[PDB]
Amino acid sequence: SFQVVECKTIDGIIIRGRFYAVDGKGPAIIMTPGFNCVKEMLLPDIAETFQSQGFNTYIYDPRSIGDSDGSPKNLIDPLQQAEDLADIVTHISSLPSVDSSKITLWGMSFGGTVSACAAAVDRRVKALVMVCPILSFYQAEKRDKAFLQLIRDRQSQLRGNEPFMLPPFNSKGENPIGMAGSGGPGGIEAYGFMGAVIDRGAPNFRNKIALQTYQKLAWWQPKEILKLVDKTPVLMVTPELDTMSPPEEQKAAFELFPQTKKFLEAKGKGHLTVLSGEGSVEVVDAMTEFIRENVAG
């Protein structure tokens, strides 16, 4: 079972999520969802397993997504999500069942990359688990047109209009900057995945993002920030057949880490199925084993 737990940020926004408590006092895993995803997608199954193995688990809706505060809505600023995680760590660490000396950050897809940036600056984070992290976003041939569209949206907003919104993946699987498989099979699979959250769980899931998201992604240089993560024990889980985040891009980042680390390839899996189907129970067990070994108080 879970309780609703809210964390305040330094600018006064409320982040909302599910807290799966354990009896007594024990470690805590804070799980960040993927790009524009809500906490109810896929992660509750993982959190229940974590909880049954003795880990407090917090799944939350990031800023401007789902149940959480934040305006404009579905404006995905990965660097703001990274800073928000410091404030989430502060509140989760204060809870009665949480051992503030055994905090782990866990992230899937976009959220794994966000979690790494938070880990870079926060020594309270004792381990980092990245599942299928996404590390690049722009296709070079699309850059200038996307930048132009961004500037035009600013001009429209200055005239008094609300921020331009769009589905992160259209029916061709595409989006203006070419991210996450756009133009290929990955983008079509993401389109179907986002459009097939046509099912209960989450009243505040919205299959749209602010175009200005792409401005934040233009600034973000996560491969450079990951180089600051030079002490935090890190587990990376990469799908062999990831059509949204190139596996060799994930491997290239993993190879650079100098500290204690572990790599897991999920054979035959894609970006969205890496934690589903067969092999998944073994992958989750591998995560709790890595956390148990490296986050020992």
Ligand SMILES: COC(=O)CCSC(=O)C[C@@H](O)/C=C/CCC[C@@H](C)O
Contents of the next structure:
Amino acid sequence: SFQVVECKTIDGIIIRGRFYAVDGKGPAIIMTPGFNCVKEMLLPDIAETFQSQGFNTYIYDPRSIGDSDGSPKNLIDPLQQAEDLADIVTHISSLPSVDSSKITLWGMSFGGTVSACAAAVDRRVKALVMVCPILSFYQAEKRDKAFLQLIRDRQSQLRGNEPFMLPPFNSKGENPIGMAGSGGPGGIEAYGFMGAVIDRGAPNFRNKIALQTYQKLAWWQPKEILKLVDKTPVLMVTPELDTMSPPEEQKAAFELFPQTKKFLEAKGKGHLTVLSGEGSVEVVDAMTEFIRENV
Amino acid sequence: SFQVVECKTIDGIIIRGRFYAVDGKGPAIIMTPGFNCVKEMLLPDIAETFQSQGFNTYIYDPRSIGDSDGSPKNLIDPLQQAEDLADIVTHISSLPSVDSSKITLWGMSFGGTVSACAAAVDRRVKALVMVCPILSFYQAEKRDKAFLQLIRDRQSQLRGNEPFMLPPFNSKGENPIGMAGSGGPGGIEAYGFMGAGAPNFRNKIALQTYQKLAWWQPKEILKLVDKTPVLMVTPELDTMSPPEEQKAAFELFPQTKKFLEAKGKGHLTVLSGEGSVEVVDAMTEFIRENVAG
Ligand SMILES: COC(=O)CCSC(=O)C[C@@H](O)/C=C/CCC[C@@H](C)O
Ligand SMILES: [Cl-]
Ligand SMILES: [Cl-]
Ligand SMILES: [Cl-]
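Next up, the form solved in complex with the ligand. The previous block was the form deposited without the ligand.
Next comes the full complex, and the chain you just saw is listed first.
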């Protein structure tokens, strides 16, 4: 059982999401979805487990995505999502059933890297959990053409046209900047899930992003921001066969963390299946174990 | 005589500045001022020399600064300033006297680093001039305190209050993050500079500026500038941006480049006084040589 809980940002935007409350006053986990994904995809299964084990759990749609406010639509600014998490933490910490001293930031894929950026600046975050985080986006060979495409979109917007939209992965599993396994098995699998005409419980999901998302991704240096995360206990869950975010890149980032940390590799899992199938129950139990051990 | 020229951004914000036109059609230099500085500080003298040598020149107040649109006021987002430059390049390139194939980005201090970020993405920028670029902002000892103050400003705003404002340099020359020589000679010189014809100059910034500086990693973005001819002018005695940091970034550039160290000059005096004429002529010569259409 969950209730709809809305969080206001400092610029007046409403973040909308699901809040799985627990009885009494207990800790809270705030879950951020992956790139352009909505709260209804996969995460409600994890939240019910978190809730049954005594954790208030909040899954939300990030700015301009799903049920949440934000214009232009599906313009993914990771630094803005990280800042919004500070405002989300504020509202969730004020809820009656929430112990504000026991806040954990949980993120999957893109949302895991966004969560770490928020934890670097917000000491209210007592624990960080990153599932298959993505730390790079541009293929060097496609940079110049993607840049030119971004500029021409700006000029097109200055002439009155709408911001150019496109799927994060086309039918060939590709995208202009080559992110997240574009041109390989991972991008093809990503398109298969995002483009499927299936009821996933998320009417407001949209398999399109604004092209200017790639402009924000060009500024973002997440590997440098994660170096600021030097106090928050961090748990990283990496799929062994991640074809969208190279496991070695995730492992290189985990190496730099000097504080209390824990690494878990999900054998035989990919970017999208790391929290599903056999072994997924043991992985989720390890997440709550790590939080309680550090909360 | 200069004319007021406005540049619309993709989100509808109006950027305002001075345009120094030349007869006929010719190259254009877009000058970005330093941290929270207005177009009337120092730069008009440089633009008149550029104009007399055949260069259209556009000095502008960045977003939320001076005469330009932008809210909240004096919130310095360098990444947004970099994106705004793409729109500024678009409007300046459309002007009758401007050769759209001969656009040069020019920046001083903070504005020099912002110009490099815009040059990394826009191939219309045919040359880059960076004057005393600043490439780091946080002192490690002040990081956690500044981060906590930023979160508390967010909680204050969420209760309905205006964003917390403060001078970028106090009377001791300090600021919460330790940027631009805070606590030493650099900060005191910047405090005196900010403290004494721009009606909309405001000696204050939003605290949330420091949140934007925390995300910024310009040393990594400067690595993307691998094609644009770049001239860097570094003061030998820069007390606000370490010369070693400026030189280290310059040495990484693989393309056509030139480095000039202004002997005995500081962050704010690099383009003033003795030897400043030769530095400006070195800029015009680098631009004529590298941006020929
Ligand atoms: C069998 O389980 C599944 O297929 C669920 C697939 S959606 C999911 O994992 C929830 C979402 O937060 C994570 C998305 C990662 C893909 C987007 C990535 C490019 O950032
Ligand atoms: Cl929709
Ligand atoms: Cl032209
Ligand atoms: Cl020719």
